[PDB]
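Undergrad: Take a look at the letters that make up each chain.
There are 2 protein chains.
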Amino acid sequence: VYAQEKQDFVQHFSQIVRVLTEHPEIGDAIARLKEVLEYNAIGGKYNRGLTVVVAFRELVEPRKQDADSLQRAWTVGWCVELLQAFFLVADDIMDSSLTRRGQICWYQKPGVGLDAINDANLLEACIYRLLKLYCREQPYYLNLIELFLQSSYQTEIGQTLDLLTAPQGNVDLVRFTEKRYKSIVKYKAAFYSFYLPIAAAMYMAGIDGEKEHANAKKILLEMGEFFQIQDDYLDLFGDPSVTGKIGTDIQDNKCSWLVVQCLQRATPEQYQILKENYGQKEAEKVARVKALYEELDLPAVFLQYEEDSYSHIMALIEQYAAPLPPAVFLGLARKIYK
Amino acid sequence: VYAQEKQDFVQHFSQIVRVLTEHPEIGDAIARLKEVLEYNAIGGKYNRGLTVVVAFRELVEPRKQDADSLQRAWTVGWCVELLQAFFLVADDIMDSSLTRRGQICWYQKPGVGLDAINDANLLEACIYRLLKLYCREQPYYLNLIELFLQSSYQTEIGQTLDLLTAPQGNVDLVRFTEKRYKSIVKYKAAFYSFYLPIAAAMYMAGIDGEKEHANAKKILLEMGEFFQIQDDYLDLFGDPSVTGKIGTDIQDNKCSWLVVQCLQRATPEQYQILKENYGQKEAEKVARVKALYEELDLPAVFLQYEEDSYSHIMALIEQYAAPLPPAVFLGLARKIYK
Ligand SMILES: O=P(O)(O)C(O)(Cn1ccnc1)P(=O)(O)O
Ligand SMILES: O=P(O)(O)C(O)(Cn1ccnc1)P(=O)(O)O
Ligand SMILES: [Mg+2]
Ligand SMILES: [Mg+2]
Ligand SMILES: [Mg+2]
Ligand SMILES: [Mg+2]
Ligand SMILES: [Mg+2]
Ligand SMILES: [Mg+2]
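The listed protein sequences derive, respectively, from chains A and A'. A prime marks a further copy of an entry chain. Quick note, the first sequence lines up with residues 9 to 30, 35 to 350 if you use the deposited numbering. Quick note, the second sequence lines up with residues 9 to 30, 35 to 350 if you use the deposited numbering.
These are calculated hints, taken from the structure and not from any lab test. Careful, some of the hints might be misleading.
Which copy is meant is left open, so a pair is good if it fits within one copy or across any two.
Claimed, not checked - Listed below are the simulated DSS-like cross-link pairs for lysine-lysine, each with C-alpha atoms no more than 25 Å apart in a straight line:
id, residue 1, residue 2
1, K46, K191
2, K121, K14
3, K347, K144
4, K223, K144
5, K191, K347
6, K46, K223
Let the sequences and hints guide you as you build the complete structure.
TA: Okay, structure coming up:
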């Protein structure tokens, strides 16, 4: 029955596009912006954006949840979707990806190519444009600007670490450690994916306390780590008709949770098979790596990890949710661990 | 004797790098950030960054120009250099450029490639990192954040217009009009190049009035337009040992001031020579376009335009400089029209 809360959020995208596309000299650039927005911020699950709206309603007194306050909540929710769209458009280029959300990657579109770099930058610019148009006169205005900027910097540090640990055509198996893996996922996914939308609803509700944001981070950073580990598992073992994207981690020589777990269980012979076949474009070599992972029962190791993680996150909710409603984190835990 | 004001600004870059590179888990990403900063924000003329410092000293009472206020002025000056570095790293990729500031473009460096997209994003992130570390407790903090964000959005709209008017392998001569040209340069260069550093010094001096910023824009936007027209002229007729970069406008099918002026003077036969030779990679075809421009006396047309522009900008300074010191704009006019 949660498809209704989604439907309302999706319906507000038309308003977001209209407001951002409203100078006859910039008309052609405005039309390109509309195309970028429609192609990239639509076709997703909108869970990150929806988390702003859902948490806003659960943290703000209903008497203060007026039409304009709710409008501001939907807008900031769409700002989170725009931040994600900015990072994914650029990430698809850098990871040489083919598809995203059941369609070809925006940069792979004939006539787009590397112009997608500027398109990604425009998506980022739209966030601060919406924050100014809707939240400029709000006491949480600077809190939100700083939150989106800090989330961007943390994601970009994470992306730097992801790209450095994955050099094209260079055997970096020794660098694929558990400590290295935890550092990457913390920065590249955990902050913008779960802390950002909840923290935004918190600042909008007047919850600006350092300790409250610290406690919320304790739960959400661990949820973010799980989500990235699940993303790494699905890169190879997920159904592309469900994920909407084709995996590239093995070909891209990425420090995937799968390769880290492989190296913790591989014999010296299995290690050599991995060394000779990892980080290469040949379909035959990728297939050999997948066979190795299946031989080492990594899908069963992931299933066990998912159960241990769920139990750990629920224990963190019991420890750190107060004084916030547990439903804020429980709703998020249900969607991610389904 | 103005080389001394430059030397001091350059000496402060070591502090900027140290502060931005100071978590052992992010160590490798921090080392990559230092490399990106050193490669891209050094080797330039630093005129945009220096304009912050010079205008700060000319707008703030010397009694308020303490060591910490001056430190904040140098930092915001380096923030302007970082914004420019962010845009140029991404612009070199999208324009398929070879060199910048006498060295190969960062993305052309072996082992960098499209990872430069994230490097460019990190340079942008460093701006807001420095603004928070040095200007967070200042009354102009939000004014500066909004100024850098708005300057980014205007530049990105300009870049969109530049890339749309220049499609790869598509004859777009009819689109190369004077109105189209003025629209592109206004957004892609004029705002971040001259309005941004002066407006920053103004906000730092407590000059936040809408009319004062409007009047300053009247002069600086026209200075920005001239600088972009000069950039277009130098793309083909400039000495690469002086400019530090190799021209790509003809090959890239750009709506250059040169091609716009060509079309205003070309006969139907000269138009066909331009049509058959513009926007193509062949050295022979680029050479034919350059011969056409030289035949149509475009270098003499530019020299005349430079004189008319200088006189127009000085007339704008007389009309709109007050109540600011004219030296603020005169110093900038001397550096650009030299
Ligand atoms: O595996 P990635 O980290 O590249 C990914 O999760 C994207 N991403 C990029 C930064 N954080 C997440 P996706 O698999 O969607 O391509
Ligand atoms: O000619 P462009 O507009 O690409 C240039 O001026 C860069 N640029 C990009 C946006 N504004 C200016 P450069 O000749 O340095 O490559
Ligand atoms: Mg990816
Ligand atoms: Mg990636
Ligand atoms: Mg992935
Ligand atoms: Mg260029
Ligand atoms: Mg360009
Ligand atoms: Mg140029």
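Undergrad: What hint numbers does the structure not satisfy?
TA: 2, 3, 5 and 6
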